[PDB]
Each structure stands twice: as C-alpha cells, then as structure tokens.
Amino acid sequence: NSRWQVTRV
Amino acid sequence: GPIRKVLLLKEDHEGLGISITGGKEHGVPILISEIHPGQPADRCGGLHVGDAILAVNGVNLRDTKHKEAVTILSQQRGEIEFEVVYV
Numbered sequence: 002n003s004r005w006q007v008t009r010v
Numbered sequence: 276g277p278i279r280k281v282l283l284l285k286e287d288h289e290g291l292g293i294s295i296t297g298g299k300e301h302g303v304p305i306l307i308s309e310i311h312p313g314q315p316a317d318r319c320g321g322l323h324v325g326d327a328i329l330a331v332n333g334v335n336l337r338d339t340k341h342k343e344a345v346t347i348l349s350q351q352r353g354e355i356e357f358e359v360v361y362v
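Residue numbers (the authors' numbering), protein chains in the order written: chain C, 2 to 10; chain A, 276 to 362.
These are computed hints drawn from the structure, not numbers from a lab.
By construction, the Cβ of each residue, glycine as well, lies at the ideal position given by its N, Cα and C atoms.
Hints are supplied without guarantee of correctness; some may be wrong.
If you want the footprint, here are the derived chain A segments under chain C, 3+ residues with CB under 8 angstroms [said to hold, decoys possible]:
#1 299–312
#2 321–333
#3 338–348
Based on the provided sequences and hints, a complete structural model is requested.
Structure below.
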C-alpha cells in the first residue's frame, strides 16, 4: 500500500 | 529553515527517544514523526517532529530506505550528532 513505515528508535 | 547540528547524549542502553517515518521507498526524507517525552531527544532538545534527518554522526541518511535509517540510528552508542532541517 501507500502507507509509510513508522519506527521508534 | 536552517540546517542545524545537534548533539544527543544517552546511555548505551537507552533509545534515542524518536520515532521516524519516510524513506527512499516512499519517495520522502527520513522524517521525525514523534519526540517521546523524557527520553534523550526530548531531554537534550533540538530535535522535533517534522525535521528531516540529513545525517547522523556524519553518516548520510538522505537516500536510505526506512529500515536502513532504523539500522544506522539503532547502532548509535553514547554521543550522537544529528544534522536536521525543518521541512
């Protein structure tokens, strides 16, 4: 899909 | 606006205290999407939601996939220089 990844670092 | 260089200090075991989004596969920069309260980025200051991360400790992030930026950010130790610009 078009959705972006989001990641906590 | 202006490009800023900001230093983050943390213990080895701490996270940076930021969430990032974007990346090359989405056609957009690595963007900060959250600053988590009380964590190193919030305590040290100078990093904000909507900042694009251009480089971290001298390592260019401008053409990285999302997971590549996650890796480079996750490998940081105790002193971390961010080069950021608000877009």
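A quick look at each hint next to the structure:
no.	hint	result
1	299–312	holds (count 5)
2	321–333	violated (count 0)
3	338–348	holds (count 4)
Of the numbered hints listed earlier, the single one contradicted by the structure is hint 2.
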